[PDB]
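First, one chain by itself in structure tokens, the form deposited without the partner chain.
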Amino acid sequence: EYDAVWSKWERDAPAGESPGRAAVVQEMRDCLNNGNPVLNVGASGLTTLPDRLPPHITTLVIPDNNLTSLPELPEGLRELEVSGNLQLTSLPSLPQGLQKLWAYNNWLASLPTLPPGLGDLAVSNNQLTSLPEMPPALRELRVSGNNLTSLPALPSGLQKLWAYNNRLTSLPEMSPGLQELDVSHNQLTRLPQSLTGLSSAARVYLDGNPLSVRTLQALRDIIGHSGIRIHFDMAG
């Protein structure tokens, strides 16, 4: 059942990938035998992955490799980290129970439909020009270093948003309990007046934006009245 899929994967290996693919198969067998819910394939120029992965894993870690696609994901996965795969333009359909998705530094041109219970979404340094609707339970969004123009409406539960180094020409309405917003180096000029909801403890970062004279003066007003920490470029 599993031996067959993994055998064909190991045999189809180019020289150079033989030790790497062996180490992974050994790890996957270990996972079945002892019940380890975590699978980390390591960095070894992997060009492909097996068709089936152990069914019970909850965490899958894919370090720097040369993948162009990912196989069907474990039906009960809760954490996925993929980084450093520059031929990887898209992701497989995400399992419903996924909680954490770190897909930094690949070449994603889009993102699949996001699982209901997703809490942490970090997809910085990709190729994304837009993003899908956000699930209600989200508490962290990191989408920096992409050519995003706008952002979807944010779930109210959101605690942190990083979207710096994009092409943002506006912001959506803010969640009420936001603690940290970094949108440094975008094309923002008008603040969503929605921002005013941020608490005294909250930290905002607006450096490297044009900002309309009125909006600058309005921010200068907020600091004096709210004691809030807001950073932005200023002449003088």
Contents of the next structure:
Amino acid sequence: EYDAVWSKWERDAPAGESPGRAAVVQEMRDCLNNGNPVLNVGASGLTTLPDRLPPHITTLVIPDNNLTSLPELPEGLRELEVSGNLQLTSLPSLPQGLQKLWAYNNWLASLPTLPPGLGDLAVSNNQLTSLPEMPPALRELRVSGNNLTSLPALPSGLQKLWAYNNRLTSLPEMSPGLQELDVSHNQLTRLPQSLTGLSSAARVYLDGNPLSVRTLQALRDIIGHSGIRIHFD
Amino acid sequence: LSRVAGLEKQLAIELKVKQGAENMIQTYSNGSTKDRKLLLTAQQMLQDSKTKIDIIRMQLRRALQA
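Now that you have shown the form deposited without the partner chain, what about the form deposited with the partner chain bound?
In what comes next, the whole complex appears, and the chain from above leads the way.
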């Protein structure tokens, strides 16, 4: 079955794509027979992946390739990294037990509903104009380099947020436990009051925004009373 | 700080480049077989600029610690 599916997939290699697919097949058979938890396909110039991946792999790494889509993922997959596929506009439904999702430097228009357990989400340099609701357990969010005009409600455990280089008009309310916030080169003319509830050890970069005189002097007063580090530009 | 200003300038430049690339992509998205290569180039450029911004920004965040 598995090896038959992979063999078929290899014989179905498009012109010039044979060696890459053979390498990938070696990797997969390694995962299957030797119980290798990590599957890295490398950059083979792959235009497609097999209908089914090794069942027991925890982590999947897909570098620069030609992939238009991804196969259904294994239920036990903890980490997924997809990068450098310019024709990939969509992710497959994500396994509920997924923790780290790094999908970046792709064409993604949207994200599928995110798994609750996800603690790390980096989707950057994509085409995203919107985000779904955020998993409550997410501690790190990098959305930068997108078309985003806004962000959805942020989780109470988020330790880092990079929204920079977007269309953002307004930020949402923030949880006091946020360590680092970088929002740069956006349209924000205003900022949420919750910003005052942050720790003085928080690193906030606001440079690249219109802001406003009212907002600027508000920021200066806040700095005077707090001692937290903030950026103006 | 010395390097901060320069980093910010690099940011302005690469941001301009990014804007340009975006506009190119928007112009060549008509879907004509002739503009295909121009479109792909525009994309690769957009991605390049964004990555460069990421990196330069890592360096910038470093420079703001003192």
